[PDB]
Amino acid sequence: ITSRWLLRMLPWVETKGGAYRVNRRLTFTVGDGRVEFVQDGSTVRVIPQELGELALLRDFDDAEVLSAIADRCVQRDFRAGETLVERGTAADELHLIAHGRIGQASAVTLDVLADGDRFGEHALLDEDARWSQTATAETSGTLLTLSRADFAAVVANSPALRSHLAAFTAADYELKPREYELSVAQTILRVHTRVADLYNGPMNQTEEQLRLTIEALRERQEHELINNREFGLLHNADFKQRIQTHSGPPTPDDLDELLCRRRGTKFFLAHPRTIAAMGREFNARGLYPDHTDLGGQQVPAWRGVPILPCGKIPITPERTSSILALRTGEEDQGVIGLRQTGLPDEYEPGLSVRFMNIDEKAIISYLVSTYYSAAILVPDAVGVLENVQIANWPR
Amino acid sequence: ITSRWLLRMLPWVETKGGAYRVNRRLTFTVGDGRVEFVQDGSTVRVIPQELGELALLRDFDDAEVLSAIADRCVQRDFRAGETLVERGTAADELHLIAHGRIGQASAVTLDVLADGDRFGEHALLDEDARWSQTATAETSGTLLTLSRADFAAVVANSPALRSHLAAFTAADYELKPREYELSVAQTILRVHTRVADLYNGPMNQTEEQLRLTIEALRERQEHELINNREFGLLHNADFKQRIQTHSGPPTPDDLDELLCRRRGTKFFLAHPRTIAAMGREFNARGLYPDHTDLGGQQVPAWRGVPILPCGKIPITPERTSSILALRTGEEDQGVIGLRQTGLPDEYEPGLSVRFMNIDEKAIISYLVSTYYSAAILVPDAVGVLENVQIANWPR
Amino acid sequence: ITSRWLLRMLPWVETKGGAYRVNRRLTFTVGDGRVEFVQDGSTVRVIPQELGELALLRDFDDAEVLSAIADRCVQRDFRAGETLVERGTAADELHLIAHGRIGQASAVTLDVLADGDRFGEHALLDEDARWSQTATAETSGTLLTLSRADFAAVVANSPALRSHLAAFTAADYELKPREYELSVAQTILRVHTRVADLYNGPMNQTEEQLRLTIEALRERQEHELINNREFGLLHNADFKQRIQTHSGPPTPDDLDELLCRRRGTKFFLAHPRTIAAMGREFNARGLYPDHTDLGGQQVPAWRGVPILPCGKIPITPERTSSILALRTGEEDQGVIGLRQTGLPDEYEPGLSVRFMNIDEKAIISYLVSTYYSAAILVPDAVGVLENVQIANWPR
Ligand SMILES: [Ca+2]
Ligand SMILES: [Ca+2]
Ligand SMILES: [Ca+2]
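Residue numbers (the authors' numbering), protein chains in the order written: chain A, 40 to 146, 153 to 215, 246 to 470; chain A', 40 to 146, 153 to 215, 246 to 470; chain A'', 40 to 146, 153 to 215, 246 to 470. A prime marks a further copy of an entry chain.
Just chain A, same shape as in the assembly:
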């Protein structure tokens, strides 16, 4: 029953056959010390050529071997405050950082690794490798893992890798399309025959129950568009577009930085608590931002970019939320809503309600279905500001 800003602001394009295709250009360079990954929503995998940045794998340019090694890595997720390695334990895994920040404490906290960083190089070759530092994850993220045994098996499979390893011991264009499949929000409405036969004259309680079902389906659509893992702006956003706050509260400098990373930002999405925190920061700084009108409706804005509240954005137990800055459009490469209309029996242009059967207990069943998904045409269309402290008050 709440406002669904993402549903009414995202343009909707008609897919054919319940599928969409997005052509991706992935520019990457070899030798800059940072590994680039391919992200399909929440699942990520290392580019086989990028893997050649490895010191023990430099100058190896055999597509088969690199592809096999890339396929043999395992994706892992780490939470905030979780310890990945401890001093003294033998090192046997190569860790490539895809997202998040990991503070490494030596025997003296050395530094903090970030996206594209590596630790566990020497563990691949020799068995004497031992973790001499402890890695504590300050922020949640993903991580690719290459085991020593798997690497030894891959070496024993390909003679060329063996020979190169024995010898060593002594902008690239990659197009790979991304396919989006329409997800479904489905439900079954059970209406008793008595409720359909009698309560139908001045108002249809069947029709009112159907309206409630449709509202619940739309709320689920918004919740999935925000929080789903396969598609969904929070997770299906480029790892480079996710920023961390400079101080923790959503200061206006953070909003300026969020507007810096992309051209023609359309709007901000944040929790109402986050909007209250931003207002508190504005009052502390002493500046009063203007309000702009969209669709004949006035709304708070920053630098003329409207800030829209969304209650479906999760709030962590540590009272930290995230802010989304995103541009929408098809002619301008942005974020589009994939949806198929023209269903066989539409109560609503995007909906389909169909009679299923009548049970022995005289209960009619209806199937209410809608098909939806989200696509991000270019990587720089959704930016996420993370770990925004929303429980800060002036003191």
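Where hints are given, some of them may not hold.
Because identical chains share one entry, a pair is satisfied inside a single copy or across any pair of copies.
[Unchecked claim] Below, in silico cross-link-like pairs of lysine-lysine (DSS-like), each with a Cα-Cα straight-line distance of 30 Å or less: (1) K387 - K341; (2) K436 - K251; (3) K436 - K55; (4) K387 - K436; (5) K55 - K251.
These are computed hints drawn from the structure, not numbers from a lab.
Could you slot chains A' and A'' with the ligands onto chain A? The hints should help.
Frame of chain A; chains A' and A'' with the ligands shown alone:
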């Protein structure tokens, strides 16, 4: 396949939402020795104020206490010839007679209690009470029971009742609406796909089976209108309107008395055996009653009031039936038939047949439903003559 | 004669029969440590199932027993600074906090209980319970009380509760409609016959007195809409919607928080002294808010939400007031004004003036009547900021 006189004679009114409301006035007096009850079909309950007729409860006019005591009584039914109490057994229950006649035989048959009579007064207060007479039920009826333990608990709950009991030891208008909910006659018609695909050209065996189903539903409607317990003229009739025959056969004096109790009686309903017995009585008395025309159809009548046969009126094993005298109308306060038309898919104005599903065995299922009920606007609209001996012949 | 902003801003809906019905959904969870209540204006009562949160009543799910226990609690109001319990006095009452904050000082001020908190658990079972802490009420509020004797009586009534107590010693959907009855503002206008016979040519002093009467009735309507106990936005507002100021003066952070709790807030209502205090806070912070136009009339606003003055909001002797943030509408679930037009003799669409009689002293009497009430469709439509210090100046 038989004639359904009640279905075609009762006027039908359209209920909204499958419910009807009847406003009841219940005039009662305190101190006349007879307790008045509230009857909702076959379930009856004593008026809390009427309960103050009790000698040990006179002058108590606390609504809470009387209401609690009234709620704590239990309804019981007794059959003809059943013994309720026996001499020697300790008395522990207060019995309020709601219907029927009970002959009380002392240590010498004292008399016969009837509707509104009480026995078991002294049993409420003291534990020494002992049944010194035997009560044999000559006629079936209902009876309210108040246990000694329950009364002691109610006394121990309310201090005011205690104080009044300790002290004693040394026309009223009550409006209470009655709500009628539409009952349903439902059935499932299973038609094989072969019978629907082939046998459909010159006549539809599916349509003939549906017609048979509709006829069975109408017969069930009549049987419920006569014999059902919640609604139904035999049971949902005022206890004052039920009369007993003077001699046992349906003599014309009994018909005159049945016509006496209400104004503008519309018709009589009786079993064909009962009509034969009435004809035998008429022949014995030597008078030949006239016949009147309703709907262009001639029918036997008494005093110009048509007598209609109904085979759904039960015949007891002792060969005793009952006769119903009833007036129908809405402008004239009488008996109406509650029925809702305008169903979503009507083969007939009151019917609804809907396709359910087709089974794996290629059997189509149809749901045939009709909604009906009966309402009696005023108490003096249905009178019942009971224990009519129908197996009497001249000798 | 003052401006009545609430009268002219609240939309008015036509009730039928002088009554309105609001369908309430009350989502509650068992085991989260907070008890949920049902509020009908100023009278509140604990949910029987919520009462099962009690440690000694956990896992008891008998509707009769819980309903009885809930009915047997007593509602109490406490003022600011009032001491409820003192150390040393034996504990005999269970206190469930419905509103307000209560600071508990042990033998060391432990903490401050708030809405949904409980103290007095152990007092229910044993008679040795003694208050060992003193509870001082910092803010006015309500409180449910369950006495030990009443609980013992309820235990002695139901055997199931006994058995469960002996054994222990060793999201839920609840729909309950709320009914609103139209209140009446009535008065008698006494006009002398001389004033009606002579002073009627160039102007009617009778008509001017009637106009003054109508103005007084409208002022009383506004005062009741704000301050009445049964209906009225100050009291008939959800206990969760009432907030406390962070510092005491109405700082802009408090206004941001007040706008945070609900979507599409329509306007603020505050005393003119409160508006002066808010302006002082704005000047201290150095920001100058914009002004918006409603009905062709310019008005001060915060974040585009107009701030309207209302002199009917009480000012406490401690110079503390309250602010109301509220959205109005029927299509958008908000606050509506229940009012019935089409009266038998209307001088004004909502009014009814009728001649009563002429006294022996030649004084004509007129009855001026209007019917009004207020309804809040959803709980999150009126928010109240309380204890706003309005006598603070820069120093
Ligand atoms: Ca690289
Ligand atoms: Ca009586
Ligand atoms: Ca709870």
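Right, here's what the structure says about each hint:
Taking CA atoms no more than 30 Å apart as the test, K387 paired with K341 passes in both settings, with 19 Å inside one copy and 23 Å between copies. With identical chains, the CA atoms of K436 and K251 are at most 30 Å apart between copies only, with a shortest distance of 28 Å across copies and 53 Å within one. Within a single copy, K436 and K55 get their C-alpha atoms only as close as 40 Å, which misses the 30 Å cut-off; across copies the closest is 24 Å, which meets it. In this assembly of identical chains, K387 and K436 lie within 30 Å of each other by CA distance solely across copies; the values are 28 Å between and 38 Å within a copy.
Taking the shortest Cα distances, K55 and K251 sit within 30 Å of each other both inside one copy (21 Å) and across copies (23 Å).
Of the numbered hints listed earlier, not one is contradicted by the structure.
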